[PDB]
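Heads up, the chain below is alone and in the form deposited in one PDB entry; it's given as structure tokens.
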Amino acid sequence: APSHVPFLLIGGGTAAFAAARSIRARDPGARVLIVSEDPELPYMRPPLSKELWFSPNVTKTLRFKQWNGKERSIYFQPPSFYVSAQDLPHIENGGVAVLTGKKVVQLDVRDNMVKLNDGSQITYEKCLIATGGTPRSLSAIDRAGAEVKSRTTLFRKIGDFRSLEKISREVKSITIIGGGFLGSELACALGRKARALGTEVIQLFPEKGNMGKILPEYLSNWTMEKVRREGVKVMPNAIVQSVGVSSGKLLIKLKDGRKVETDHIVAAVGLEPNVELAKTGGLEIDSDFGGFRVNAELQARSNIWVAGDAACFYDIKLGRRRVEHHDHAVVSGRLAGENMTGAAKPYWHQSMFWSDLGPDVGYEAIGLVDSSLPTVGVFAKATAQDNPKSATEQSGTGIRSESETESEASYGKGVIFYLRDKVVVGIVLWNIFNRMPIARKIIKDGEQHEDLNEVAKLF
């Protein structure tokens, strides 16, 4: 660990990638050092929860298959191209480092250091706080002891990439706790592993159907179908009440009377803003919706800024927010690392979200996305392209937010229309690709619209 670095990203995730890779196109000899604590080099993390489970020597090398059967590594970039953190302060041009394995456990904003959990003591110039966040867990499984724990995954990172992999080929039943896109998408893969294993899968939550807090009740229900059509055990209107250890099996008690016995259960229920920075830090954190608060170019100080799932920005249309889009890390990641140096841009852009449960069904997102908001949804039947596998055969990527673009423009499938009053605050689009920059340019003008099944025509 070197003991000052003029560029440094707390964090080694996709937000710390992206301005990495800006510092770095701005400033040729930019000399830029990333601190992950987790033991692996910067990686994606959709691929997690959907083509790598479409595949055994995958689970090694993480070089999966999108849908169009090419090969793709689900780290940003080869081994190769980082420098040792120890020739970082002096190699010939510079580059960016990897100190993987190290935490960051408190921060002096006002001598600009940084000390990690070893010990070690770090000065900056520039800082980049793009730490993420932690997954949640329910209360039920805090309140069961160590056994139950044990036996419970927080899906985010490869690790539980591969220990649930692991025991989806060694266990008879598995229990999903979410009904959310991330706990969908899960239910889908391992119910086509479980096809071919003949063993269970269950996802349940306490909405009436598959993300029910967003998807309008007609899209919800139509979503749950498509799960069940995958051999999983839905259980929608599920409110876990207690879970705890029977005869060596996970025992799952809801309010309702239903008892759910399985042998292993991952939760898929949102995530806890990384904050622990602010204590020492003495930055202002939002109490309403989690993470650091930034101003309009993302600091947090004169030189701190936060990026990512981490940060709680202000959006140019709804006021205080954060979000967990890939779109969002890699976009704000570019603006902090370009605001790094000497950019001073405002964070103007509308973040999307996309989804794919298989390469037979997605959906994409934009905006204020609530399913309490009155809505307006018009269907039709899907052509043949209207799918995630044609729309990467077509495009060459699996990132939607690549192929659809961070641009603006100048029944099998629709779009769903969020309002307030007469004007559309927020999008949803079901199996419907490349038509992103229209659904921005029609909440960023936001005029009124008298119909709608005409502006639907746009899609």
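Positions refer to the first chain, counted from 1. Just so we're on the same page, rigid core means the largest C-alpha set that superposes within 1.5 Å between forms. First, how it differs from the form deposited in another entry.
Among the residues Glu276, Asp360, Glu338, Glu165, the single one whose Cα moves by at least 2 Å between these two forms, once the core is superposed, is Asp360. Once the cores line up, the CA of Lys317 ends up 2 angstroms or more apart between these two forms. In a rigid-core overlay of the protein, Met44 has its C-alpha displaced by under 2 Å between these two forms. Fitting the two forms on the rigid core leaves the C-alpha of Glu147 displaced by at least 2 angstroms between these two forms.
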Second form
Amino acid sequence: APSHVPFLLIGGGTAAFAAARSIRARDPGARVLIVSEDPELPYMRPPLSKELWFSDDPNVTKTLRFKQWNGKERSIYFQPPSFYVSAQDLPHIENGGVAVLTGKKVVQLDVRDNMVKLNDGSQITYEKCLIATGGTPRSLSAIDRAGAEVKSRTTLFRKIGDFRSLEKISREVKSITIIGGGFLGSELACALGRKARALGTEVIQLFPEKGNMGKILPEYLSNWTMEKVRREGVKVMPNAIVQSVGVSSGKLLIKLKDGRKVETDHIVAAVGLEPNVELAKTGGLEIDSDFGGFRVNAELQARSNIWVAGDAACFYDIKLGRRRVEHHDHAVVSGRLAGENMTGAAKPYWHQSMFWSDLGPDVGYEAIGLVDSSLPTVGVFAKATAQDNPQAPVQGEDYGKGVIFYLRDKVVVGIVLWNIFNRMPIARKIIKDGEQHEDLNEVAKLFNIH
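After the form deposited in one PDB entry, can we look at the form deposited in another entry?
This part shows the chain on its own.
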């Protein structure tokens, strides 16, 4: 660990890596240090809830290689270890390169003196710095307030480590319960459901909302989705409010506020994330009270010499207003954009990032913009043409293929492409134009629906 380094990147996930690759591309001589709390070198997370589960290789938990949707096999890691330079070496080695100081944590930040202090006492000074701290899984107070007995049987899910433990458990218990109906809970339910199909074991998913992906999708579509998650071999329990959790003769017992009791062997809790904003205290950086995370401008800049990117960044979108996005692709785009800006670029966030998700073979979608079920929607499908806050939506209908528009005024500000491939460039085009559209059935033709 050197005492000075030109570019300091705090946090060793997706955003930070994208930043490093970007800086090097715009300054082929650059010297970049990543300080990373995790012992692991930068890796992507999506395969931990999706592809690593569907691998036919039994060695998959050691190899950590997966197949992409298009044949090509690869590693979970961004680069092979042999592509980074030592932390000690980084000041000298000609041409520079990227170093990763693994297993250390930044615990104090002094913006005045361009300096960080590590948890071991080390101090580093910097010319340019990026916070890319990500966030931590939220906990359930019903679990927080229980005993060792309970907590020992409870998983949060974020790291490679978590994928090794849960994969092991799935192979040796009879029943697992997922608590949460968002992205992680739902994707996990499917992966575990396809696994339980072989052994005839059970998988329960329960949550407060009426159906999966309640905070993202309109009610009709969220309902349609839940039915598909069931068909993956999952026992879905909507409208469940967890009251308490204890053990009874070696088993977990979940008690719902409705009087029902759920018995199970293990619990995974997917109930959102808390953005990692500890450094904001000592650094004296503005936190956003509405969205959470560090408040930064359109260029991801907080103070001079310091930028924020990824899950921890609340930024200004010139086109869609202030936001904070927590998705893989956004981490890449914003990390890459901060890299450019740390090497003088000065460009505002403009190329919109996107996301995607899959729940069994029949639910596959991509999305862009402000995609929030609390906004008015207009949806258009190969069966019906439904509006929600050309008529009001009917559950039980066929919703296998369509596009859903999310509105502010007459302006489309978010789109979800529902089992439709290869039309993302047009979704981008529509968000960018920001026209007040007369008839959205016209706009929908752009996506081949009809």
